[PDB]
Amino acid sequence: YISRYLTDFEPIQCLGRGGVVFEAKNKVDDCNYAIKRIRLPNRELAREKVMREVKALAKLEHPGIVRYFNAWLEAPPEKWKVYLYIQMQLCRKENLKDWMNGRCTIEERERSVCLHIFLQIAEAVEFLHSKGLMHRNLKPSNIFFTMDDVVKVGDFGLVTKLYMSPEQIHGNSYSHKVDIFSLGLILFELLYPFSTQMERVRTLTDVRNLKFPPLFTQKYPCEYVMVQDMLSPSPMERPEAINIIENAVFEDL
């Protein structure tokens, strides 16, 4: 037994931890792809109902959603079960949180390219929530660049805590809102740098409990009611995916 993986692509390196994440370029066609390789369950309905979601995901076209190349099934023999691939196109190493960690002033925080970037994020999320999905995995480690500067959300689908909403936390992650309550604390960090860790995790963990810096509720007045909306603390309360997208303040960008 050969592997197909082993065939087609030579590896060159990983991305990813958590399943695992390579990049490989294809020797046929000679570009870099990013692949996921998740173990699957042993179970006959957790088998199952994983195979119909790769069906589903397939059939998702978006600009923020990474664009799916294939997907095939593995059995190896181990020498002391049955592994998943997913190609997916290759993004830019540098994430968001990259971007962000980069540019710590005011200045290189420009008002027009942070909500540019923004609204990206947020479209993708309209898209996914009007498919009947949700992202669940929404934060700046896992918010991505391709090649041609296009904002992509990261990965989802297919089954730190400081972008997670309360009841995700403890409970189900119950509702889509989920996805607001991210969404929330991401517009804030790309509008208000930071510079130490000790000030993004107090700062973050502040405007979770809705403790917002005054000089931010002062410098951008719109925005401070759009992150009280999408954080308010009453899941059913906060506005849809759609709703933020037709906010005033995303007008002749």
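Positions refer to the first chain, counted from 1. Definition used throughout: the rigid core is the maximal C-alpha set that superposes within 1.5 Å between two forms. What changes on going to the form deposited in another entry:
- Comparing the two forms between these two forms on the rigid core, the single residue of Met51, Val201, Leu210, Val225 with a CA shift of 2 Å or greater is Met51.
- Put the two forms on the same core and the Cα of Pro41 is off by 2 Å or more between these two forms.
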Given for the second form:
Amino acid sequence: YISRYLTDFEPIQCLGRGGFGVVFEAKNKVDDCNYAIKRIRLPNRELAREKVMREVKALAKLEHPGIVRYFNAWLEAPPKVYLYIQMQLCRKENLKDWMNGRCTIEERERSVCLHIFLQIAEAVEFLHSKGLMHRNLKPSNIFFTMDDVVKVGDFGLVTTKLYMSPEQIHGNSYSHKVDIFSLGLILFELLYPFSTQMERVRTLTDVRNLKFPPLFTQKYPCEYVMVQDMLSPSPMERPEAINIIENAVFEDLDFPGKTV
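With the form deposited in one PDB entry done, generate the form deposited in another entry in the same format.
Excluded here are partners and other molecules; the one chain stands alone.
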């Protein structure tokens, strides 16, 4: 048996694992570029397999500055079936890591945080404009290109339900509005640095229930209102992504070092 993966690529390292998958960094021999390659073991469940095959076809159609860049997908059946998915390689440190390395207010300057958030919201608006949704938006699914461009995807590098809409937690039917709820908590978290995991969990749990730290409401009155709206228990009451991105807070964002 000839393995397409082993023939075409030089493996570099394991980047991680999660769900049906394992992810490698590998260099393509012909083009000399390094990629992230996800190897998904197809499940022994026909309905789950149906979903996997649909999802790869869907992701292959997507092109947007804030969405992970697709290259190829293929199947291998060594004498178990594996689906390989080849994407652009992002930096090792994702948004969760980035926030964990910036634990002071000085390291979360408003314009920087809003610039990062805007890119996430724009990726979400793109999905919604295509009649798609993310469903699992959270900092561990938000990475950066080598040049710090925000990239949204379904990464599956398990190292949480904190960002999940109430309707999803309860196992109810849902709409694209689930992503708006996730966005609300992410906006808050970007603006509000933590010193401990315990502090993070307690505060984000309170924020889910619209209980905000007084110093956040005072420092960021505009974003406070935005987060409140995004975290409405009623999905109908949450704003569309397009209305979030058109908010006045996102106008003429600048910071020293910003790409010009």
